[PDB]
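Participant: Residue strings, one per chain:
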Amino acid sequence: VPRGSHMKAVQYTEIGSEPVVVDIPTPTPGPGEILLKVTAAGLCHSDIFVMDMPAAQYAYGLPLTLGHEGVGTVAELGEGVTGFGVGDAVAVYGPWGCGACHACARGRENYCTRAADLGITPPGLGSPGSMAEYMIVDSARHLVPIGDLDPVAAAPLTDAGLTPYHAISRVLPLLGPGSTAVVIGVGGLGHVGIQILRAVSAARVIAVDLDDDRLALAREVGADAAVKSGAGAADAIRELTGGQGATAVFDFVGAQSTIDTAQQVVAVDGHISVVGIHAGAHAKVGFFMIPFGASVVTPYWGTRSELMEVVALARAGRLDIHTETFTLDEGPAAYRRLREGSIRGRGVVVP
Amino acid sequence: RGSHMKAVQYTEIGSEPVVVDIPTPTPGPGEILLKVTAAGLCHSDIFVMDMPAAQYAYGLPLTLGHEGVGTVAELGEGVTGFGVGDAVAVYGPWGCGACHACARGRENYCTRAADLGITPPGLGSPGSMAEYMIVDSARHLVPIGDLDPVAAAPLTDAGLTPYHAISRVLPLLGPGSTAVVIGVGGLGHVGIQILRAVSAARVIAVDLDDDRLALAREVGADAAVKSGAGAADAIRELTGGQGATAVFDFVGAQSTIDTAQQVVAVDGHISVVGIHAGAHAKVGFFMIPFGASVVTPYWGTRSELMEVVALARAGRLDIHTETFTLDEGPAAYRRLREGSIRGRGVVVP
Amino acid sequence: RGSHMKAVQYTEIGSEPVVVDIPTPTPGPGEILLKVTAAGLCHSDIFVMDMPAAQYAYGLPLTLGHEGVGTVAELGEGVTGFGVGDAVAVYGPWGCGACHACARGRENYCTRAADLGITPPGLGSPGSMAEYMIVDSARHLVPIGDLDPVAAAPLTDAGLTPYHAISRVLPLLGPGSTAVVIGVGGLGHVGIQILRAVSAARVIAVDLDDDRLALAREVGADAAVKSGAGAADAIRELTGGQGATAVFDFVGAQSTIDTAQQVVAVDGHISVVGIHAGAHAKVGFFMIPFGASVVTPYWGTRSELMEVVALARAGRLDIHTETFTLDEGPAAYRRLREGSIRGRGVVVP
Amino acid sequence: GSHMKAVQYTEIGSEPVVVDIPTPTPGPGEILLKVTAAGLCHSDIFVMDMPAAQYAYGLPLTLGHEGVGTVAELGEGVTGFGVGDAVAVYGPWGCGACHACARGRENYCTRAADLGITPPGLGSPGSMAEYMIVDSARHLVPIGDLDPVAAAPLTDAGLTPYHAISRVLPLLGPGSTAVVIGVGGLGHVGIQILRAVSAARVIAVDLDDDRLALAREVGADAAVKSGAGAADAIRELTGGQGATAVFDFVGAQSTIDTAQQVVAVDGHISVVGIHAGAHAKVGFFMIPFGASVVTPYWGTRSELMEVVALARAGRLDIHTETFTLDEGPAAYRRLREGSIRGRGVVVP
Amino acid sequence: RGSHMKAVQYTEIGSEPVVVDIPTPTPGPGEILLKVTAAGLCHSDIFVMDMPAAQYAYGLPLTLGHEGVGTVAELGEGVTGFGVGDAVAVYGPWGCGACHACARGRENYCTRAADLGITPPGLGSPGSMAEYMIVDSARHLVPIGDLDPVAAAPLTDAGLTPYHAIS
Ligand SMILES: NC(=O)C1=CN(Cc2ccc(CO)cc2)C=CC1
Ligand SMILES: NC(=O)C1=CN(Cc2ccc(CO)cc2)C=CC1
Ligand SMILES: NC(=O)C1=CN(Cc2ccc(CO)cc2)C=CC1
Ligand SMILES: NC(=O)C1=CN(Cc2ccc(CO)cc2)C=CC1
Ligand SMILES: [Zn+2]
Ligand SMILES: [Zn+2]
Ligand SMILES: [Zn+2]
Ligand SMILES: [Zn+2]
Ligand SMILES: [Zn+2]
Ligand SMILES: [Zn+2]
Ligand SMILES: [Zn+2]
Ligand SMILES: [Zn+2]
Ligand SMILES: [Zn+2]
Ligand SMILES: [Zn+2]
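Residue numbers (the entry's author numbering), protein chains in the order written: chain D, -5 to 345; chain E, -3 to 345; chain K, -3 to 345; chain F, -2 to 345; chain J, -3 to 163.
The set of hints was computed from the structure by calculation and includes no laboratory data. Note that the Cβ used here is the ideal one computed from N, Cα and C, for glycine as well. Heads up, some of the hints might be wrong.
[Claimed, not checked] Using C-beta positions, here's what the derived DEER-type ranges look like:
id: 1; chain 1: E; residue 1: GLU8; chain 2: F; residue 2: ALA50; range: 51 to 59 Å
id: 2; chain 1: J; residue 1: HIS0; chain 2: K; residue 2: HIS276; range: 37 to 45 Å
id: 3; chain 1: E; residue 1: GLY216; chain 2: K; residue 2: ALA50; range: 53 to 61 Å
id: 4; chain 1: E; residue 1: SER(-1); chain 2: K; residue 2: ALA50; range: 53 to 61 Å
id: 5; chain 1: F; residue 1: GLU8; chain 2: D; residue 2: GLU12; range: 33 to 41 Å
id: 6; chain 1: J; residue 1: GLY26; chain 2: F; residue 2: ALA210; range: 50 to 58 Å
id: 7; chain 1: E; residue 1: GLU233; chain 2: D; residue 2: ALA50; range: 54 to 62 Å
id: 8; chain 1: F; residue 1: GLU214; chain 2: J; residue 2: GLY26; range: 34 to 42 Å
id: 9; chain 1: K; residue 1: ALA50; chain 2: J; residue 2: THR22; range: 34 to 42 Å
id: 10; chain 1: D; residue 1: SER133; chain 2: E; residue 2: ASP111; range: 37 to 45 Å
id: 11; chain 1: E; residue 1: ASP144; chain 2: K; residue 2: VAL291; range: 37 to 45 Å
id: 12; chain 1: K; residue 1: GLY120; chain 2: E; residue 2: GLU12; range: 53 to 61 Å
Given only the sequences and the hints, what does the whole structure look like? Please build it.
Facilitator: Below, the structure written as structure tokens:
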């Protein structure tokens, strides 16, 4: 469906400004590229992060069509492109890579050692994004078929699904029967994390959050236990495990305090994944500051096969994110709502 | 036999060890008695003795020596698996044997060993630095065959420790990968040898000492650069700016840990093997590459120990030893303290 | 404790088992004595009893029962790490404890056991189908807390055996995988449940009996196929002709293996878990997809058994029991022959 | 199940939250109850309104000092209760071996401070959880087939007023007059108690006319609106002779002032209501001769069994509003805004 | 003593009985649990085994043996009229106890028994061919004193049936 010549989009146009709707030219797919008609485009707290970057630290980028969480159908194929038919429902894999280094050749393109130098950026974070009537994707490599899954349900999974899934997959061998996984932060990512831990592992899930509401929600989504986050959370958790320390801690908050709890509750030979972002917050990995053999990493999005697996969980009804639907023209309005945390789960814009 | 034996002991806090006379122990049921063939020293024996009285609970007196090698002297009851006169190495980090971690083969990460007050020989249990010692269980004995006991003693630590640190991420270290070893002291020295024997990875060494760097090349580092402010850059120049798959910090200083974070590749790995009270890696967004994982590993597994012995017997590992007598325990520790030992000190009674 | 006990025993080749009187055994040093709380019986008991005299060296008489649970009755000398009256299940496949294989977890694959004549209880050593049982080492007992010993018993084999077979290729069984289970009889039943619990793969059940199929659906199979010459194409129909990531053949018959070679995916896996003397996969070019690997797993590891226990304690494994009495031992073995027992038979003194 | 929901106070100045904790195990001498009702009370608000400054060694804390449940498992050696038995939890635990306790006045134990014997839900695990530990058998009183929901408030709002009255019951012969200040809440169970255990005249005093009218229906022989006109009003009703006993459940300086002006010679003032700072002023000519004042504390075990007996004989009725355990923190909010009719009770 | 017990059941249509080893029943309120002393076989228990899937209206499994004699092992709650160890024969054609026909002793002609699903021991209820047995009520036990159980068993049908026919 390329028909248009002109298309609607939401762009970040000026540093520190709010995003604005625009009428820009309808792109045309070059050789090797695919042009999608967008069916859903996701908001994310990551989006405010980049728009909150100061003018001092700004080099290049603008204008920028936002939206890294992209779903659509195939509109027009570029030269030489096969492996998709016009109409095929695809999700846009976010973390673009060179395709040619060792990492990309193992599926792990989110860890491409070349994207940096070659200035390969993801859609809606340096490349034209999903929040528009149409979109370009650089390679068929970056399309995952979703069949008849509702695009509104798919969009949030390209991040809120993939991100935690990758975090969990890094250590899924250690999450055998009898293991214990602590999920800190039952917001967007932690919500879907629990659902995941339930599908792919036999581990026992203990949830940690601030809000009382978030605790009972956690139990409903498959957490076997829930404690309140603070100075007391460490003890609270240990109490439950019979003082055994937890196999894996997935910290989807990523605050200093939450990292600190993670360290206090992680098992010997365990693992801590710092998934959420609070600038400056870090784990302190040194002797007698963390159990022996306890590994810590800040992982980053996910691999292609992982996103493929995410969709399978979705299609099998195993994942479910609370989704609230908006309109291209309400784009700015939606981002405003995001800033005030007046959205449960995930805002999704539908051209 | 004899009902008395010479032993080196840490007897009072903040004091130097001393040659003492104590009774020759007798092997309970399950236990094994060894005649010690070789008993190693390392700076780890120094780190413990430098704990202040303020933090002293219930340790002393303590026969020193975690690096244990010997020959089977007398089987306790029911023990089989070794005939008397068998050469065995004493596996260090003892565990319950019954927890999940122990049943996976990773005894060094036993979840109950702390609770049950199970401590390793020379760090809480009678050490190897004596004429005889008891091993609680035949589970903690590795046959070494005709391997030289003096050779084998360093390997129980200086061999096993780095082998573990490496094994943790050995799938990552395929051809085309770069591994950086910081601290070509005792551990680093054997680290390099292992890296060469078990992987095709490129090895870049980092150290303070010119001479250490030269010897790093000899044992098989492709390149060597000086530790310091500019070591990060130095490494990147060598790697065309690509950054290293794995970094094995055997120094463990804040400086080194810092260097390691500046040179680790995305999705790579840092392994903080050296102890410096208070030095830590800061793992957070934009303070380290995505996917780079950090860990402080602890000694090694029993299977690991067996593999180290195998490398040694095939002639693939090699550390310079300095041989002392029981009565030189104190002497040797002092030499160790001034760092006038190249490689590893080994007591032979 | 009395000087007598009964035991079900195979006393002569070709014979039937008999309830017999024999000395109650006493624990030596390192041994544990158990009051048997349950003693499961499986088809492989019938397998060994069917071996002819022609091929026979030694072994008689034999207390039957390789699936055993009990309570600690008396501790041998020097045996700590277990209270009297503790409920414990007995790790089946004993090994040396000192070989590389054992030092890793994988005792079931011990390289020495055959040479030192270390046989499993019920298969060359005093079994569980008796009032009292000797276990050689502590490391062969797994705590079961308050799990029902009658539930526990089939888990030591009908649980352990599939769990291991699946564990071997569990990383292949992510979302979107298909796992095929041929045989829903006893082992196969618990396999489905395991797959549901430790993976997210789709489960396709295959059997000869339609009532077993409908119960395979109950425990979590996403599809049922009838075993036969029609089974292969039907499985392909289910998978849109993509093939199955792994095929777990718990039947082990030539027709089942043949079925498996057809439906298995490229880079897939076949686990031949059931025994039919002679049945064998034909792994060679164009007779099986490229990268499809085949294995005959043997039983399982201590760590796995611990995990199998955790599942049951958490409610995720439910095998149907039919209990008999110690006197009824031979009766049950007759009932087992005529496929005449629902699920797993357990004897209970 | 090896864990259970529990309504806990986790950090000073915050709201309570339903968290998951280990289902405790009854030691030798302890009893495990499956809780069947847990009362909330304004006393619960008082404790969580204490500033961190005045806080040392409390948290976390399962709340709920008004407990009733069923015996779930008997600890070692504990004899004299059966599984399934319905019991109310005695609040103010004591040493059991000092004079005060040996007399049966556990609420007045002289060692309990020094032993850190704190009551359930005010320093020890409370009743607002699926299950409960009670330290010894002497702290359970059977309730038979009494509705636990009706029971629960009786462990505090029944016991507390009963003790207050019990202390001076000899003086409440026919012809005596008892004034009750503060009808809602404790004073509602007070009036009922007065009518059952005595034949005194009962004079209700409140601010809310609605509570006053329903105090009549429960056995108040007269009503008066609290204020600076309260004294005069009450004198008017006794012909100036004053009241034998004033039971002030409000506990304000205002109410205590009214009281001191209306009590009879050789009478008594029981200050049951807690208003920090509020105090009677007992000195010559600032109060009638022979008028005694006291701040009473909860009640005795015997007294509790008596309060149970009254309720089982249908002599005590208090309006309960049911909440769920999940609604623990929610209910605490409602109490905070005085929008609870009578006494709230959580049912796991 | 004995939480397990031996029994003989018809287990499914077409085939022949088997020696199943099922659980030892317990006497509910008003029931009596007997140690079986003798269990009779009859050409009755083979006419019921030759019923073709369709007609058969009992339900399996089915401990056989409607000719049953025993000793009082354990009394159920509030069951007076018998002591432990009393030698007793089992009255077969159980009835409601409440209808006119039952009120006259003729339980064998109970007009409710069919409708209320009351069925004779070993002919719809657990029978006598076992180590133990339950009798639903004390009214279905007839004392046999010192009569040889082996001799008594057949009477509960081989005697009673013609006796009634003749009476
Ligand atoms: N732990 C992670 O990888 C996260 C991935 N995203 C996308 C994203 C992309 C870029 C940034 C830049 O700061 C942050 C976040 C969503 C949540 C956290
Ligand atoms: N990183 C490790 O586990 C190392 C093993 N050893 C034995 C030992 C163990 C523990 C300590 C105190 O930490 C020191 C020494 C040798 C060097 C470091
Ligand atoms: N594939 C396996 O290892 C199985 C484990 N068992 C115990 C067993 C089985 C077969 C043998 C060889 O007779 C030995 C022991 C039960 C079924 C199959
Ligand atoms: N006057 C009393 O004794 C009261 C008993 N309680 C329990 C309570 C109350 C006050 C305290 C001190 O904060 C402690 C405990 C309920 C109402 C008033
Ligand atoms: Zn996002
Ligand atoms: Zn790349
Ligand atoms: Zn050392
Ligand atoms: Zn252990
Ligand atoms: Zn078996
Ligand atoms: Zn072995
Ligand atoms: Zn209260
Ligand atoms: Zn006292
Ligand atoms: Zn008959
Ligand atoms: Zn009738």
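Participant: For this structure, which hints from the list above don't hold up?
Facilitator: The structure conflicts with hints 1, 7, 8, 9, 10, although it agrees with all the remaining ones.
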